[PDB]
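What follows is one chain in structure tokens, specifically the form deposited without the named molecule.
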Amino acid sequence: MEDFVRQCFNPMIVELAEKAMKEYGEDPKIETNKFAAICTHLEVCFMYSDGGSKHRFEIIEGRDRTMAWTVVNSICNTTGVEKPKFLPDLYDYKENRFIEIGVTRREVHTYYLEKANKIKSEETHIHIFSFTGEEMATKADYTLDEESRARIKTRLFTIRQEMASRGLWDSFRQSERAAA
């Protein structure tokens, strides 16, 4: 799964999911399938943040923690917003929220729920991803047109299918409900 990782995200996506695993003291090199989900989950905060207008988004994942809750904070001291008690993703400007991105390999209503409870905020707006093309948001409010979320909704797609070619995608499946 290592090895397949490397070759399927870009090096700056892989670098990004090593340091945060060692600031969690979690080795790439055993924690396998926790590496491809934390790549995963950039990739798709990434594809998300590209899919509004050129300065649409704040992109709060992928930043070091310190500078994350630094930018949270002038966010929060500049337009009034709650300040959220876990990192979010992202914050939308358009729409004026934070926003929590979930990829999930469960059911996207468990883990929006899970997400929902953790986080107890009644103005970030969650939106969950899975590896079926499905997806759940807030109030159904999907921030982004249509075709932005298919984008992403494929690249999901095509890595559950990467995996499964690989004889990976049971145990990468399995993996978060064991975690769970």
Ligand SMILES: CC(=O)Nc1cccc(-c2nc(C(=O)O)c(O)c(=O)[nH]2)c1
Given for the second form:
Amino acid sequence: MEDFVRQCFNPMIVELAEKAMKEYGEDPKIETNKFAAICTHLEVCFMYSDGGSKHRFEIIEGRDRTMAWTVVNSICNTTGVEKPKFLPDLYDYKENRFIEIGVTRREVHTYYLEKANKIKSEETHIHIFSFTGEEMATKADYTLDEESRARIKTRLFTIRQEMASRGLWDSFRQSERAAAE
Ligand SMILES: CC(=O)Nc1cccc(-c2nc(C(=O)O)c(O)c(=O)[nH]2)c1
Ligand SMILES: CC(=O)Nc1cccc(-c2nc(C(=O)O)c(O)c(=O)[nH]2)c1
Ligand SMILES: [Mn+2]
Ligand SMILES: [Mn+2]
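Form deposited with the named molecule bound structure, per the form deposited without the named molecule context:
Entire complex below, previous chain first.
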């Protein structure tokens, strides 16, 4: 699984996933499923940011925490939007909202509701993808065009297959419930 991740995702994403795990004192060598999930989520976040017109999205995720807060602060003080209680993943300049991107090996609506109650925010848009082609977004407002969302769905289903063909998918799918509980 470790070797799969390092050859499945680009080095910059891997690099960012390792740092993110190290900042919490976890070992990517041991917790390989979380390592995969982190890289996947990052990859989705960057695909998403790319889905829009050139300067539409501020990227919050993938940054060191402190600088991430500084940027959020800057957007809040300059747009009027309320300060979220937790770090979101992006800010949409077109729609004037933050976005939380979720990626789940379980049901989109279950994950959506976990996100929505943790944040307790009526401003932050939530957008969940699954490894089975579905998506759920706040108010059924998907933000991007179908083309950009479709590319992401395809990439996720390709990760699932490459996992399965290596015997890694079961453990990866099962793992999320364990993480939750
Ligand atoms: C789950 C996912 O792909 N998104 C995402 C982003 C950042 C972190 C995690 C995450 N993923 C797992 C996991 O094992 O799946 C955890 O146990 C955990 O604490 N966090 C997941
Ligand atoms: C709830 C769950 O199943 N996994 C999990 C656990 C802890 C954290 C995260 C997570 N964490 C972040 C984060 O920014 O830390 C995300 O953007 C995200 O989508 N998911 C996901
Ligand atoms: Mn995040
Ligand atoms: Mn997220």
